[PDB]
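Only one chain comes next, encoded as C-alpha cells, the form deposited without the ligand.
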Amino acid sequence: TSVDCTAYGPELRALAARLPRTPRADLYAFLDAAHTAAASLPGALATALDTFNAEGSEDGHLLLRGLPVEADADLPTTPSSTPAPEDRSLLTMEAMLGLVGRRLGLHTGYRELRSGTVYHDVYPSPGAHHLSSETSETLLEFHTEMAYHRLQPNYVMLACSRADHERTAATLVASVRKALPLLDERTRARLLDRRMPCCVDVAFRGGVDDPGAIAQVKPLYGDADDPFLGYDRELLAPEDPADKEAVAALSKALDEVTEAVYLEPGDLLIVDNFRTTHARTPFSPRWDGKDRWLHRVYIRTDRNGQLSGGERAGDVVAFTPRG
C-alpha cells in the first residue's frame, strides 16, 4: 500500500523541528517528543498508519513516499561503521522514523545486535556476511526479521536517505495473505502451528547447550483463515520429509507473490514483520562516500506477546529463543 506524502512536506518539516537535535544523547526523551508530535500528523497519514497498524494489508507493507529528506549534498558522508556516534545530529528521515514509529508503537533495540543500539544505519560494507544488511553484490535472501526471537518486533521500518547510485537495489516483500491461497489444504495444515528448528542470526549465536536449545519457529500460526508468517530461507531447518516439502511449497508461493519496491530518498517502508518476508536485490557499491544509506528501526506493539508491561520506546531487550 502506498501513500504520497509530498503535500505534507511543510507540516512534516515542522514536526521534525519539534524534536531534540541530538537523538541518541537522550533517546528516551527524543522518542517521547516524537510520540507527542505524532498526535499532530496530517489526518490522512494518521488514518493510513492506524488502519495499517490495526488491520495490516493484503500486500503486507505501507510505503510512504516523498517525505522531506535533505538534498544529497546536505547529508553527511554515508557511514562506514557501526555503532553511530551518540553525538550525531538528527537526520530528517530519522525524525520521520520517530514520528511514524511512535504512531505505531515502541522503538526497540536488541542487546546483542548492533551494539544494542535502536537506530541502525544500513549501508554496504566490503566482505559482508551473506545474511547481513551490509551485503550488496549478493542477493539478501527472504527473511522474516528475528523470526526465532520471543520479542520479535511487529514492524521493520526502513527510511531512505540515499539510494544506490544506479538505483538497482530493490527491496522485495512477500505477503502471507497473497501466498496462502496458493497452498493446498494439506500443506496449510502441516505448517499451521507446527514448530520447526530455526538457526539464529550471527549476532545471537552461542550459549546453545544442546540441540534441545535450538530455537523453534512456527512457519504459519494463529487464525487458520488469516495466519501469521515466520519464514527465513536460510535459517529455517525443517527435519522431516513432510516438513521440508511443506516449507518448499510455502517458499515457492512467497516467490510467486513477490512485490518489488525501489527505495528512493524520502521513502519510508513499513513491513508487517508478522505477515511478510523481505529481501534485497544486488547492487554494486562505489566506496565513494555516497553509497546507499537507509535507517532501520524495529517497532513493538500490543499484538501477540511482544509486551508484558512497563516498556518504553527506546528500550533494549535481551535474547530469548522461541520454543
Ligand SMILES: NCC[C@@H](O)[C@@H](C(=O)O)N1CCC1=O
Second form
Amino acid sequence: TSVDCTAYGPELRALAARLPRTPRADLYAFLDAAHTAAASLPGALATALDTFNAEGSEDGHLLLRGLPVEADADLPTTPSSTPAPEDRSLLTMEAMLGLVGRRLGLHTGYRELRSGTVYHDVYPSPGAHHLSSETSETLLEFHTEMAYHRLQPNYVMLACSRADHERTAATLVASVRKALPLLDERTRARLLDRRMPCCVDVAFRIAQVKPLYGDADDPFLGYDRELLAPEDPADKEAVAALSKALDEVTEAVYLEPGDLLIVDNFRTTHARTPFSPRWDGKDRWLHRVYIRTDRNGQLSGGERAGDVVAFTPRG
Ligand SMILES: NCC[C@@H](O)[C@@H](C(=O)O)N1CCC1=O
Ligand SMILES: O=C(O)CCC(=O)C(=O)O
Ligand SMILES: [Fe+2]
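Following the display of the form deposited without the ligand, present the structure of the form deposited with the ligand bound.
Entire complex below, previous chain first.
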C-alpha cells in the first residue's frame, strides 16, 4: 500500500523542526518529542498509519512516498562505517522515521546488533558478509527480520536519503496474506505452530521458529531463506512449498529519496536485489529503525522508545 505524501511537505518539514537537532545525544528526549509531534500528523496520513498499524494490509507494507528530504548536495557524504557519530545532525528522513515511528510504536535497539544503536545507516561496504545490509552485488535473500528473536520487532522501517546510482536496487517483500491461499490444507496445518530449527544472524552468534502461527485464518509469518533449517522431510517439504508461494507473490519497491517503507515484520519477508556501488561518496543510503508494539508480547511493560534489548532466542 502506498501513500503520496508530497502535499504534506510543508507540514512535515515543520513537525521535523520540532525535534532536537542532535538525536543520539539524548535519544529518549528526541523520541519523546517525536511522539508529541506525531499527534499532529496530517489527518489522512495519521489515519493510514493507524489503520495499517491495527489491520496490516494484504501486501504487508505501507510505502510513504514523496516525504521531504534534503537535496542530494545538502546531504552529508554517504557513511562509510557504523556506528554513526552520536553528534551527527538530524537528517530529515530520520526525522520522518521518528515521527512516523512513534505514531506506530517504540523504536527498539538490539544490543548485540550495530553497537546496540537504534538508527541504522544502511549503505554498501566493501567485502560485505552475504547476510548483511552492507551487501550490494549479491542478492540479500528473503528474511523476516530477526524472526528467531523473542523480542522481534513488529515493524522494520526503511527511509531513503539516497538510492543507488542506476537505481537498480529493488526492495522485495512477500506477504503471508497473498502467499497463504497458494498452500494447500495439509501444508498450512503442518506449518502452523510447528517450531523448526533456525540459525541466527552473525551478531547474535538454538532457536525454534514457527513458519506460521496465530489465527489459522490469518496467521503471522516467520521465514528466513537462509537460517530456517527444517529437519523432518515433511517439514522441509512444507517450507519449500511456502518458499515458492512467497516467491510467487513477491512485490518490488524501488526506494528513492523521500521514501519511507513500513514493513509489517510479522506478516512479511523481505529482500534486496543486486546493485553496484561506486564508492564515490554518494552510494545508496537508507535509514533503518525497528518498531515494537503491544502486539504478540513484544512488550512486558515499562518500555520506552529508544530502549535497547538483550537477545533471547525463541524456542
Ligand atoms: N538478513 C540479515 C539482515 C541484516 O540486515 C542484518 C544487519 O543489519 O547486518 N540484521 C538485521 C538484524 C540482523 O542481524
Ligand atoms: O536495502 C534494502 O532495501 C533492504 C535491506 C534490508 O533487508 C534491511 O535493512 O532489513
Ligand atoms: Fe532486513
